[PDB]
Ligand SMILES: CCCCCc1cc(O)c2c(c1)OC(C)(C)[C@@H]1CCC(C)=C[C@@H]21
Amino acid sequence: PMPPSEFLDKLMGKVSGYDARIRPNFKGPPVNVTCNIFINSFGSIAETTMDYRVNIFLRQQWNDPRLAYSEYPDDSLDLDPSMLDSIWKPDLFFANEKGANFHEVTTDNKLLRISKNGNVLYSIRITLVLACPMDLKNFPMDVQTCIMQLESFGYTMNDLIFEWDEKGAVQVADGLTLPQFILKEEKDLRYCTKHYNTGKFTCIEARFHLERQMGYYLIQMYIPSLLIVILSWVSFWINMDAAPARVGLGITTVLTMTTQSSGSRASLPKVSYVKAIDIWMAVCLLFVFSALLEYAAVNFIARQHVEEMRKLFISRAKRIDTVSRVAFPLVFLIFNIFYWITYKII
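Model, the form deposited without the named molecule [one chain]:
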């Protein structure tokens, strides 16, 4: 009969004394809050900052006996967020926020329904910029594991406990994809119960596995790394006589790799350890330096020399020919097969 908001005026109003400043089950067991998330947006995973932005629908559920309506004939009584500041709400924060905000476009993006037995479904749209430290040992073939963990800031573990629900604690949007990663379907769910000099607080955290789309880096970095090598090999297929041709083909290619390695770590943090993309472009350096270093041997032995003179110099230009025409493709290919098996096993 009476309008339910008018019903809720006495549901939680000064009549019946719903004090929003006192958790349910006061002085009893803690408040068991089941949580799950829904991921609209995901991406902008900046490694310069080692964070990422997500746009989730945080759903919470707890049981408040003070909210147990009985007269009403249905199961759910939704209510606009205008009085969402009227009921008790758990102080779930994100232990690695690094910035977050509500969405208030045309309305507070909030949801509030209440079952007969006091079950409170509480859902709000959030945009987080979560911090996840990036492990970059094997950079272009890394599997980053960024996390988001939900703690309680004020209430201790003996008054408020979080939990994930079993029926799909983490849903993802239907066509949600990324420009650079693959959000692997397996998603871990484990506790991260904290301790301070103030007490112990509740935590739960879902670990998102991330694997890179190697297609991009395969193009901008590896192929340019690979052309300079083959360009540095036919430089040895140059004319037999040492002329300024090898003078050009040598230093030109080395200068490429010098600039390549510059833009190599362009959008990369200043990590002290050595990653995998650079040792590729390191080995690519010492081969292209082998070219200018090899002609040093040729131009050295050539200026040495004349029967016995030319008979021994060209004998050096020949053994140096039949070796470099296969040695560079020999070690460079054996290096490649070893490099990629090292990273195809992780």
Contents of the next structure:
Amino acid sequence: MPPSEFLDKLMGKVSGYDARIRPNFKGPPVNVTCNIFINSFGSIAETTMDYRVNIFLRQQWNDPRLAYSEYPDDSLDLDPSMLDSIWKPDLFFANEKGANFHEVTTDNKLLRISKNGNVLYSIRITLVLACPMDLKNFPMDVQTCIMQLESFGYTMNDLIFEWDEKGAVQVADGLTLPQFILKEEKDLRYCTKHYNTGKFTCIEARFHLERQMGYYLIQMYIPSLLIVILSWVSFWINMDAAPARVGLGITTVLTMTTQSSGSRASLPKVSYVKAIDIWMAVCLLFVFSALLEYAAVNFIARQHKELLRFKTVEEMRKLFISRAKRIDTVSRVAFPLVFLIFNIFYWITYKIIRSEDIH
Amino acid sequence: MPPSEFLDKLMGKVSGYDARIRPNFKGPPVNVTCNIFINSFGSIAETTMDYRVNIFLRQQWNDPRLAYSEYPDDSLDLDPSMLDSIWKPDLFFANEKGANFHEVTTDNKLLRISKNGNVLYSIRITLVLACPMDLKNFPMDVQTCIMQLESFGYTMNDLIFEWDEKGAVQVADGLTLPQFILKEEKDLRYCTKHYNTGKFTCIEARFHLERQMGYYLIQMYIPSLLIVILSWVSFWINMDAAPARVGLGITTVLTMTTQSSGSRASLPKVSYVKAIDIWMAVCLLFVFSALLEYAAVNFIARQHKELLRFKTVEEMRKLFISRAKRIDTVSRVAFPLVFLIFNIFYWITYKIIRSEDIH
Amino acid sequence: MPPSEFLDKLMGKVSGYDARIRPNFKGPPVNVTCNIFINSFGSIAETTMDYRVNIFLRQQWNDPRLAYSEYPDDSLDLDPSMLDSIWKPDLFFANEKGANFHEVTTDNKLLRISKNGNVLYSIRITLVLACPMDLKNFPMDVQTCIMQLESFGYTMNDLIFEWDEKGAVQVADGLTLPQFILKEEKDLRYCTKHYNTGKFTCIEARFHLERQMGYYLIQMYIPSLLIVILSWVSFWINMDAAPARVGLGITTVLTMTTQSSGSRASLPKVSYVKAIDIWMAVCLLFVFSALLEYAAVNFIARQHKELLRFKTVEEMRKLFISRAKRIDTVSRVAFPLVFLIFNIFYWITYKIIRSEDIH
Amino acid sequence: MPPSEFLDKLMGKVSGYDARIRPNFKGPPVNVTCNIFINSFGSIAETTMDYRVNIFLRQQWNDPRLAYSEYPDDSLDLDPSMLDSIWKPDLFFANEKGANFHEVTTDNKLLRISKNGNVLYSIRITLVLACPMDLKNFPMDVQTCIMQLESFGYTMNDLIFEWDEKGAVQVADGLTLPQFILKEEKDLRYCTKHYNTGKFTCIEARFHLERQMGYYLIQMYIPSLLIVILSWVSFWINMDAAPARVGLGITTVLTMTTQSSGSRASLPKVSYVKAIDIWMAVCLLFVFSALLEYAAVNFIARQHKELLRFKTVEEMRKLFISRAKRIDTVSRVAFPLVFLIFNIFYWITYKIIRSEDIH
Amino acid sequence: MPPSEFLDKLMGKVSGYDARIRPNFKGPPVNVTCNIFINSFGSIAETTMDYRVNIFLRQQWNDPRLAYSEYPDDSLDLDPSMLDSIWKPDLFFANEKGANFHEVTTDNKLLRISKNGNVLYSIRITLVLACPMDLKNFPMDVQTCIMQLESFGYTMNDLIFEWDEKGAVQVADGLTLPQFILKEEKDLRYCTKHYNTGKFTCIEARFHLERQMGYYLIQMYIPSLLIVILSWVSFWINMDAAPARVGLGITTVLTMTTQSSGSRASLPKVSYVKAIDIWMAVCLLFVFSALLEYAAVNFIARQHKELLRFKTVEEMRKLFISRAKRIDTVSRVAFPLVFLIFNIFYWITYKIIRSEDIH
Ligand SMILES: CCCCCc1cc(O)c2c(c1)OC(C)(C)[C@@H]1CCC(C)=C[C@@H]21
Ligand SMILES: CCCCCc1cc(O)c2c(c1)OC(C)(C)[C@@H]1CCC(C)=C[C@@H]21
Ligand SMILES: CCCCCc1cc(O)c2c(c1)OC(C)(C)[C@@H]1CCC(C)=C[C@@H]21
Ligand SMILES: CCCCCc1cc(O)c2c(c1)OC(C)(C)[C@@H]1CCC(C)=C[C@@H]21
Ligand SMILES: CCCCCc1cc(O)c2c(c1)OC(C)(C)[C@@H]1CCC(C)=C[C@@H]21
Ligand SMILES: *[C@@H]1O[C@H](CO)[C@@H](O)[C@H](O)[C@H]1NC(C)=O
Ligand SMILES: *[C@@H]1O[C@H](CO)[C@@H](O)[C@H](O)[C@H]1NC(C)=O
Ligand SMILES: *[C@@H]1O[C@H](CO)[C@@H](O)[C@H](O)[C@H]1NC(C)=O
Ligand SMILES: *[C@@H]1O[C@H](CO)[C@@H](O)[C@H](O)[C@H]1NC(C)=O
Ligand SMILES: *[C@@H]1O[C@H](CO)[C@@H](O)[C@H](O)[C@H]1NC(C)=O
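Can you give me the structure for the form deposited with the named molecule bound, which would complement the form deposited without the named molecule we have just seen?
After this comes the whole thing, all chains and molecules, with the earlier chain placed first.
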């Protein structure tokens, strides 16, 4: 038998196969199993609130026509150039921007057909998909991103989309993300769509992402702790009669505010307050407080000198000097201890909220 | 009856149905009801003066042809591949940039036809639409964005566009915007278009947006208030013989001007003066004023020392020192009180103008 | 009469109408009147040296064929789907980048035909057009932007382009630009094109733009004047024995140079010197001069002390101190007066050059 | 013989050549040799993690049909306009984004055919290819970038891809990269692909890149070393009673932290710590340490003065002053020596790790 | 004679003209003269290493067919819609990225045909072309940019490309570049291409660009010279007992390093050292040297005071003070003179290297 003659008899002019009619017309809905392979994951960005993904869609359905039973083999690998003369199902993504095809040297496509009529359609597509991430806890967080596949033009009574029982979602070996660690959970559930026009089938796939705390810690946490230590430098040593202490204080407050403004740059604007904001605010409160500590001790010294200029003057000199020294030594010991207790409280509470949230 | 034979008899070669002629030719204008669904709203940006929206256009009209009365059911769900062999109406958007289609695995389209001839056309389109926002009050404002649908090629005597009486505009459940809160008002009115060529139908849809005052307050209002307090630090304590006071003043003025320049960065250039500009200008006036307060007290002290070098000298020492101290204490108490009264006046006036404007 | 039969008899197979031949072949040139409507104007940018415009091109010409005289009405509104079976004229823009079409739900097009044969062609097109703006006077300037329409493939002997006698250029009501004010002058003149291949027709349209001095004044003029006043603060008060005066001077010079560098950021690089550069340079000269004033008075005081250490020493003390005070008071009064006279001279000369230029 | 008659007899309607059937159908797999030429290499960027390349793909295979043996010459240079009427093989790139074609004046294509049936297909394509670079050692590193060619639609039993024995990869003469030096090694190996659908052929090409240490050294290494020397300036000279030393220290720490933040700007965020981070951290530790050295000597001097105010006081004056001077001189000599030993250790260890890694 | 009948007889179905066969088949190579017109030149950018150009390609060749000799005129201006039914030659650009066509209202094309058979093909194309500029001398340099036209699919034995003897390259009148001055030299030479597949014709056009030294001088040279003068301010006046001198020095070094980092921003990273780097490095060396001058004089004064505290002490006071003053006055006179001699040497050497290079 020649291949050309059979190939046109199956889906051509002698065949009454019209490509505009669904199989099992006036009949039970056409069931479709969908298997997705993820070639690459990338560009998870915040301002845009979307990511880039390259998938290998694969959908199988049955047709009562296209049952040959004439060649002795089970399946046939056809050309991808007659994929316009058969009944492809409609499928689109709901949270989709763009999503072009690929045509390098040939259009990337695959066609297979078995003896009973079960077909196999494979398409390569790069999708930009919108993920509405919640930045309640910015440095430490888990983000869930949604992929939705749904039928634009058919109702529930036709083209019901079902998932695949085994190996529904696969991932390429040795696939990594610079910022996030992918979680091998991939829970699958389906939610139908209701509209005024009708009821439309849909299926959903969920991915869990855990952010890496490697970059943020060095970029932000480590410098701020140093600047606090540097602010602490003044108290321990520099004598009361010091012009420089004030300059040191002003510079360390300026650098604190400019660094705090710099940190919240990439992040999109949000009404709620992030964890990094809380940490930076507390740090700014500490440095500012130090410059107030000097302000206090200098005013007490001024009172001491004013009374000294006016023995009776000697009577208050010792007590005022002792009070100033008392303020200094107490500041010295107290400021690190409270920073320490705040730090342990902050870390433990975030370490416990994340543990509860991940479950 | 076979489906193919009926399908070609309705709109094919045996049918005298020419797709270039409007229904009811030489007759009353073809009425068209338009229903819009909003799948996503996003990217409301200022410099570009435009936003991004993904809609589901739906338009229904009647045809005297395409009345079958042969199948026993009421409606038929046709393929979206013969949407080029019928009379689609022309429709374009006036404030439109771009507005591509979507073709993922199939072109997103929907066709329905009833027994009488009422058709249903559904198209998915992402529109970049230009909104001429007015930034009279930058932190607190309400923005109205306009969507216009109008007929390019037909006059009033044909293809009159009407809105839908019930459920004219729907929004997807759980749809949120990071910066703005959408208002569920959506007032609909239509304005016709007059040109030298002719008179053309149009319909308009209006959306109201309220900006969130969560990001701006932390980013700008909170640091400026701190810097003012820091400027105030000098007066209360540092003695008259102080080199540092001047350095503190210069730094706090530098940081004020650089922060003020930084704030007006994203915003597009406009001739009129925004509210944020007024607040920053007043704050800069306050900090600058402080450095003048020192300038005054130092000059008075200089006069005191000059006369002291020239008892007769003692006669003016007490009065000049008392005057310098008087200036200091008065500055101390007066500066916070006036800031407070300015702040309450500013907040109350903006809170009342917004209340009047929203109505 | 049926509409289809007439519609194909006019421009179809029974008609000898070949769409590849110009009307009046071997005859006088085909005259074409061109009317342009401006729907939107936007994105006037400097670095790119181009702007964005959305027009409604309209061109009318006469044909001896397509004269029906069979329907009782004067004109017919045809479909925009047979605009490929007639003789559209060629037209392109010379200073053009991009210039795509618009195809939303239908291609935006319009066809009309009268009894004598006068046709009406309307096309919507967004053009990016290059404007070679001259920044001789950057804050205050008038920019002229050119639109050119010319024939690529025909010589003078054919397809002569003429403007429209009445209402040649119209603008949409309530159309505004954020940065510029459009001038309602729109002078129209045409310049022919000469090439080695031949002589080609062209027509030109000119638009006048006046920049708004609302943003620049607050952004640049107002802060610099403040910083000059702040520089002046040192002279009036701070005594000769001052460490801080020098620090104040250095900071105000640093902030001046960084602000001057910041101002010339958006503007494209040009060889010639802009007005804003002149103003900033003079301001920098003033602040720098002040720090020199201190340098002078401090050196004179040093000479006074050196002689004092070496009565005979008392003999020169009074004269040197008086000279230092003389320098101080004279600096105090002279510096504002010269700034004032420079400012009035600068403003008056620019206000008069603009008045001469606009004419 | 006329050329047209032969040209249509070979691949036209009289020929039974169907372009949908692979040569040697129901037979051994079609072997394909692939030769690649690299016209340009460019845009190696880090954030995107991809590069741009312009290749000249060339693939040869044999066909039993298309064996003419009628013209007296060996080969024929055909038009590139009938490349749609023959059996092109499918080929796509796995780590591919974009990859458009080129159609300037004509589509860039080449067709050749020999007497036996060996064809030659040449295509020009610009590929954006993703390279997962590892930044373990940022200034000094070797990056390997992968190009993969694989068959989308055929299994192992068909269309086996083989490399070319001689001159498999060529490069254009005088081709240079601004940042990297290309290595003339280009090791070629092939890895097959396994999927649930089937087993698919693939071939891989590897390129080695060595970064230039010319820009980084001047941009980052040279300024930091200067700033350390500048920090060292205080110790050698400025006396114990110095207000300025503290200001110098604070400024040199501020500039160090801002420069360190600035350096890690272009680089994409990564969890692991880069070499440049280690160097900057050590440098910041050194400058910060100096400001502590002053803090220590000032506190010792304070103790000396406090006891002096309270002979018995003279008894401890000499020892405390000697201790302060001892601390100063020792700091003077010790700080450069340790910097030197750290620097030599760092350079030698990186120079040896790179030598081991390149092998 | 009717125009349609002749038009189809020349290149239609009755004509044996196959558009897939080159003229003079089995014959001498088809000679082609190429004339290029440059409508616009723009966007010469450094990071991308490419520029944008809009040309009017024009190529003429002879055909033995298409020789009518039936109309009484010499040439005919045909429609640009049958440019697909003739033998256009292949032509592509080797250093090409992108290069789209233009289709505004009509595709921009031109066809002419003479009595003998000489045709004229004109195409408008915007080309992004890669220029490998060498930044050995960054502020003053001459850049040569290459345009290459070559045949993709034919060998030397066919389609030989020749230049035009007269007026090979023309430029539009009044065409200017903001940054560069175009040189009216445009030397033309051709270099053939050798490949393993075969030998392919090519022709090359060279353009010379001279950079304007108007922007760079004001942006970089002028501020640095001012900052050096400002650094010099300290030496002449401020007495030895000065806290401020050190602060002035540190600020002027900080501003120098930040300005130096800022200057090398737009420029792409390169291993070799640019002229601007040399100038900035020398300037930084001068300012840094000044702060060392103070360090020296302060240490000498410290030795003087230390011996004074320990007449015998008076014996060394005069000599140490005289030495300190000697260092001051000598610094005063020497520093400007050496700057002057360096400046004249630098300018003269660059002015002479450019003169040699341009030849
Ligand atoms: C009796 C004299 C004690 C005054 C010295 C004093 C001053 C001071 O600012 C602080 C002190 C103690 O310790 C405590 C009270 C824990 C504060 C925690 C929070 C803040 C911002 C700073 C701490
Ligand atoms: C009798 C000595 C009083 C002079 C001290 C004085 C100085 C001064 O700058 C201010 C004072 C009072 O209070 C008032 C007058 C409310 C001002 C409001 C606006 C500004 C910028 C600052 C305030
Ligand atoms: C007799 C002592 C007078 C020297 C004080 C003196 C210093 C000085 O720098 C200036 C003075 C006067 O007024 C004039 C001369 C108008 C200058 C105009 C331009 C510049 C930059 C500053 C002004
Ligand atoms: C007996 C008095 C000696 C104290 C002076 C002293 C202070 C000091 O900070 C350093 C000294 C010595 O040398 C060594 C110990 C090598 C340190 C290496 C690492 C660091 C950050 C700095 C060095
Ligand atoms: C005898 C005392 C002389 C020392 C004063 C001295 C210090 C000094 O730093 C320089 C002096 C002279 O002149 C020369 C030697 C020309 C140097 C040229 C290059 C540099 C960076 C600065 C210059
Ligand atoms: C799809 O599956 C459902 C549930 O098993 C079944 O009721 C229906 O008939 C199936 N559709 C077919 C066989 O077309
Ligand atoms: C559209 O509605 C108007 C108002 O009801 C009516 O006058 C007109 O005839 C309608 N057009 C039709 C029925 O084609
Ligand atoms: C166009 O107008 C000119 C000037 O009125 C006239 O000479 C010419 O004949 C006209 N072209 C026609 C009528 O085709
Ligand atoms: C391809 O090469 C293999 C190994 O030499 C051979 O077994 C196979 O038959 C070849 N395929 C052909 C000749 O079609
Ligand atoms: C092209 O020119 C060369 C040199 O004059 C000549 O030898 C060749 O025959 C020409 N090609 C033709 C006439 O086809």
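Residue numbers count along the first chain shown, from 1. Here the rigid core means the biggest group of C-alpha atoms that line up within 1.5 Å when the two forms are laid on top of each other.
| request: With both forms fitted on the core, give yes or no for whether the Cα of residue 44 moves by 2 angstroms or more between the two forms. | output: No; that C-alpha moves by less than 2 Å between the two forms.
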